[PDB]
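First, one chain by itself: the form deposited in one PDB entry, in structure tokens.
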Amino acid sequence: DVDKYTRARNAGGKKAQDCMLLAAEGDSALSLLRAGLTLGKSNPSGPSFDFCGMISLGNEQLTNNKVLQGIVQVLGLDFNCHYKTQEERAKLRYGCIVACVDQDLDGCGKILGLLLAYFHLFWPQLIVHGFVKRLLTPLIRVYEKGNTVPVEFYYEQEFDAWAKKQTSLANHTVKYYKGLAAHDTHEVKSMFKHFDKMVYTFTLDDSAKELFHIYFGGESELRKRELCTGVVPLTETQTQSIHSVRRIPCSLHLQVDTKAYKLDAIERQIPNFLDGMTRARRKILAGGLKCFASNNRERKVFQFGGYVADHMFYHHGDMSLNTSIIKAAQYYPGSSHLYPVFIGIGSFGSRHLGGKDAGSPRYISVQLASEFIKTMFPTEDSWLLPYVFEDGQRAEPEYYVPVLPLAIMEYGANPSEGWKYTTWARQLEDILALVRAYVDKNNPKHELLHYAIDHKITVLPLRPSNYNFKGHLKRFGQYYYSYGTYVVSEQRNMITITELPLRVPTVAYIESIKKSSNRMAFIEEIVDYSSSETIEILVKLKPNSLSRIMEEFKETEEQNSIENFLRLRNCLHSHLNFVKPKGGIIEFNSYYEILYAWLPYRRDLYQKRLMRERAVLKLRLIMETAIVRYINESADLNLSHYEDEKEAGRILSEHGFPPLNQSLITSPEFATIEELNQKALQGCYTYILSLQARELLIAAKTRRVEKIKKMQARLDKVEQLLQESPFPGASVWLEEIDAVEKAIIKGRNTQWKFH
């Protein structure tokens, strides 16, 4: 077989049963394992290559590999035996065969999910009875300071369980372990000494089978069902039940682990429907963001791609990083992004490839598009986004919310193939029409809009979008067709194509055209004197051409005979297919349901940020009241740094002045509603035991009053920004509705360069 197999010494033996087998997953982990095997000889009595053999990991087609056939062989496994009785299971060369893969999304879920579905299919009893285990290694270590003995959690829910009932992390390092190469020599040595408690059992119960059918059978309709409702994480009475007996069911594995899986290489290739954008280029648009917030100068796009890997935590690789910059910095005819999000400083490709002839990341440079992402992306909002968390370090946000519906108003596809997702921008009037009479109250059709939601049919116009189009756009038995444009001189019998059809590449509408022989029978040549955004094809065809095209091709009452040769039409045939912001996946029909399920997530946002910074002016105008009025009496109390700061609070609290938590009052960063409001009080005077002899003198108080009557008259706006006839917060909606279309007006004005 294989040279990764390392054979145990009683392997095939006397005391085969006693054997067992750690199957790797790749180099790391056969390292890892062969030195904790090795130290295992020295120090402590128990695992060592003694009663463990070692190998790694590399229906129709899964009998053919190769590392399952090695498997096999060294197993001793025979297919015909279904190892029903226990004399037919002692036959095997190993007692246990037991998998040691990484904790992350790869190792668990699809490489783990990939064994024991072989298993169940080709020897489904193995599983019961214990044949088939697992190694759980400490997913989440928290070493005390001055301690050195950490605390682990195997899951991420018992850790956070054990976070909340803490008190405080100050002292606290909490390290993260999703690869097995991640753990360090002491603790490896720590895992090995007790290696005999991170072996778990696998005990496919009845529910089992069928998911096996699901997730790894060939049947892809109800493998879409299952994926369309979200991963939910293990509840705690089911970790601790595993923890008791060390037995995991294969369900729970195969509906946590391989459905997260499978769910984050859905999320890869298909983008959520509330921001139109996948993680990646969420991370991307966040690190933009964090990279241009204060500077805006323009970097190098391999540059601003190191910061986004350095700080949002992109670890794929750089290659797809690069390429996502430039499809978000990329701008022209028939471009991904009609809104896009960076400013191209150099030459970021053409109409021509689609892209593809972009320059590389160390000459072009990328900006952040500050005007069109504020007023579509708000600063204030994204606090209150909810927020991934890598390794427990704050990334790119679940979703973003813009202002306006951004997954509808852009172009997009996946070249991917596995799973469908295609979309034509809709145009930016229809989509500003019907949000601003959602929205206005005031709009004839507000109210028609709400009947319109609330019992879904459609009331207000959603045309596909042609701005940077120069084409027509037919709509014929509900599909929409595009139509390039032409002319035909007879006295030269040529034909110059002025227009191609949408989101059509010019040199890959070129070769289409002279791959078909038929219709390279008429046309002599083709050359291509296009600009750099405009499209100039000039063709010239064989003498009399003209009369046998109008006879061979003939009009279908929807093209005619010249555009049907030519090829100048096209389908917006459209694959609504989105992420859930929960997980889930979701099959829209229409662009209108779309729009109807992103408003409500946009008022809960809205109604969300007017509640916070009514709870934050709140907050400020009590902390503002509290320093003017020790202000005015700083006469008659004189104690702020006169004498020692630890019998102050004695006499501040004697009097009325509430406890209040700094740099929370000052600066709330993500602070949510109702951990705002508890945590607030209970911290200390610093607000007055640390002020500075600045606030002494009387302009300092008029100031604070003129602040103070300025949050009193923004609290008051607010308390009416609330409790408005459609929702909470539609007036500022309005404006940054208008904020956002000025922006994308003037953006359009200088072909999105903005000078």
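Numbering follows the first chain given and starts at 1. Think of the rigid core as the biggest set of C-alphas that the two forms share within 1.5 Å after superposition. What changes on going to the form deposited in another entry:
- Rigid-core fit between these two forms: of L211, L502, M376, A286, the one residue whose Cα shifts 2 angstroms or more is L211.
- Once both forms are fitted on their core, the CA shift for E741 between these two forms remains under 2 Å.
- For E552, a C-alpha deviation below 2 angstroms is recorded between these two forms after rigid-core alignment.
- After superposition on the rigid core, the Cα atom of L696 is displaced by 2 Å or more between these two forms.
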Given for the second form:
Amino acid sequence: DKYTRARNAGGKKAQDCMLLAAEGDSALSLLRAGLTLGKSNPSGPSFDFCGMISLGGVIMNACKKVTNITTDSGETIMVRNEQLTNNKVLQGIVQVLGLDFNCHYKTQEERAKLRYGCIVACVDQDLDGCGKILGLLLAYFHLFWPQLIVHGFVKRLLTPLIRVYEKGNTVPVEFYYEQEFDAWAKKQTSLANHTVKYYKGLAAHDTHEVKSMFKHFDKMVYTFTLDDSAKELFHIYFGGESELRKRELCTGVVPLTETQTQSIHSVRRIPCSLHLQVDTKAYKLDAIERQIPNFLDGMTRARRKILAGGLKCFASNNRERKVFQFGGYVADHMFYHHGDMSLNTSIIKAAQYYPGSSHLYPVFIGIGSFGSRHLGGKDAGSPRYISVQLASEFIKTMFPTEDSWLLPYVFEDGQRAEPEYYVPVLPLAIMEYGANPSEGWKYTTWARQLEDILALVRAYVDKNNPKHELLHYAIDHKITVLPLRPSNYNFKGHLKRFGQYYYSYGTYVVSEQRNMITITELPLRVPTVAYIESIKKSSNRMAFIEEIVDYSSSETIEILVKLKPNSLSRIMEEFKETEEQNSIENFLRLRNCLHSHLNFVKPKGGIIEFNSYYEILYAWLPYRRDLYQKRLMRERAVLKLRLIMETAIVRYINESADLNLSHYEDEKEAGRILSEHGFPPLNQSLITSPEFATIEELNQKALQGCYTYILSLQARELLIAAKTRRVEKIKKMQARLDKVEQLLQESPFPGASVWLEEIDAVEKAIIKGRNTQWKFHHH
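Next, give the form deposited in another entry, keeping in mind that what was shown is the form deposited in one PDB entry.
Only a single chain is listed, so you will not see partners or other molecules.
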């Protein structure tokens, strides 16, 4: 309860006081600082007429918790959920404002009973603040007291996130959306004399800006208004039907026309339907993009940033670092503008490894406590006391280093960030476990057998496999010719397919001579403590058992169960036996069903729904093949340029004494003399280690050349051994060049043998990691 009352709140001047609701604590501090500006300006808000309160992060969604029931007289009353009534934030809001769940406030006399004139929401300009928190608050108010919105009881504090200043002019130009900002920027010829400022939340606007904004306080308050359509909109974005969200979120967001925003800014009334259509839709699309993995990479945006930052950090030396320090480094270098605790949790999850864990091939090696098979991995240590390091042996084979220069990249404010997506050697999307929800769709994936995947890919790329010709299709690409069965690496149970569903069964053994029943393997991905709690809550099963206990150490589980005398007969009697599941498995809940929700995010943004793992594999193959071809082409261009440069270098070295470079005056004279002598001008910085640059860029930049590759020659290279090593290197480049030229004309596509070798290397690395419990050089 962070309420800071107003002096006139609840008194005879209640109908002109204001209540400020802050998204978090930074907004609280900014509001307090602005309010405590008395005696410097008689005009402006102050604590005698304004309130102060905090919402505390995400607020609850009332539209799902409430349930509508009709009465005898046809009245429809909304019963509020037990959890809904016990929420502290909503209770505090309703107590401070003195709202009633029975009065409809249809008349001004009823509106006079509230303790404040109006409620003003102060939230950040980011997607989360404007779309989720404000949207949820609007949904709450619309659901319970729709009439309040009509009479302008709900207002918001609109603050820009972009400010462009021009030196010599004291007033800036403010943009509330990036679209209008960049449209204005591209409209102008040059902004080199200007300066742009972003505001990631209300943790900005230095005291000068705070004073300037609070001077014109009334110019920032915007009143929400209601229309007819908004009703059916509020049900779509916050109702209990996810099908409507699926249909709504399958398309993009249409921005507001100029007339609409002109009316909004001239009158300062915002229709809630427009707010839902723009801000909430944008937030939901961003949430989909953040919480659902890409079908090529298999990882979400946060995990991709983590991997890129880890590669950058541990490229120098693979030394352990604290999770907090590494997360801070990642947030600093990868431009992660969210809370650090979420990043640390994501790192910890990515580094975990145990039977049944989400990652079969984690990209990190964890030093410390990183969860266990029991407790579902939630028993991990704090990020301040555990360390992670790069599993370089597996990474350098799964994500080839030379292919990183060719992926499309994500640019923030003109700076490079983590790539848009990686293209692994083997399809990682269908090679690991995962399960989590998002807006509209849910994602769930059970890993496939490694041997089946290897056989399929080797058939596709081998050109010598007896099944290669039929894997390629001259009829259609829906037929299945090879099995893709669920993996059972760390699983001692069984997997059986019935109809269209795969079921996993744990294994047990029964010693009737003593009346003891012991289970030795639980089904796939079930925590032991959760399983024990589940088997204890069922009183029907609990009746037969005297006691159950465990002696599982850290990775192998066994439960021993002593049940009441002469209970087995009743066990078979009450619990039916079927070919899908026997009496004992039904009794002990040793059967699990593997449901798959193959919903991913396509490279160009958006969602995509698959029907089988074969579709994912067939979609992933062309990207990898094209990446191989592009890599080879750029490699050939680089070799040609490098050969030309090295031949010129050797030619200069041969006759360096004759030239007598010391005789000439300066750089330009020497360059002119060299050009007169026939030395070609190249781009040394673009050829010795080019860039993320592409091939046409390579040619264009190599067109304009300098003579720096001669002037930067150390005297040590002028000896004889250096020249001999240089010509040997030239021979090696020539051999590599004609080898890759031969590789280019290869069937079925260029670089098939390279793919085969990478497959073998990654298979060996995976085997080595499995042998040492995924702790390389630590066994």
